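The excerpt is restricted to a subset of chains, each kept in its original location.
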Amino acid sequence: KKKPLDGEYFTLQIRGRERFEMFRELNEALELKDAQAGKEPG
Amino acid sequence: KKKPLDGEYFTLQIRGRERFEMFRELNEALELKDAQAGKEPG
């Protein structure tokens, strides 16, 4: 499965329910760019 | 100690070491504003 041995994984506590969803959203956003970032050019 | 019974607490996994510190920074930023937000006016 390509192994999850990418960068070290971490965690962060976020108080607030609505605010939490907001942080997670930014995280998935960067992960999405990384998907097209490692996309071979051409 | 005013009890930690504020909003429900949550957590988020952030891959990458440098990126992790970045997310945590934004979290502490909002928490700082909340400190002066609950500061009685006058």
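Letters A and B name the chains as they come in the text, with residue numbers starting at 1 for each one.
The rule we apply is simple: a contact is a pair of C-beta atoms (placed from the backbone, for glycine too) under 8 Å apart; a residue touches a chain by one contact, two chains touch by 3 or more.
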{"item": "Copy count for the complete homomeric assembly [2 present here]", "value": "4"}
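The rule is short, and it goes like this: only the chains that are shown with their structure count from here on.
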{"item": "Whole-Å gap separating chain A and chain B, where each centre is the average of the chain's CA atoms", "value": "19"}
{"item": "Partner chain B, residues of chain A touching it in the complex", "value": "6-17, 19-20, 23-24, 26-27, 30-31"}
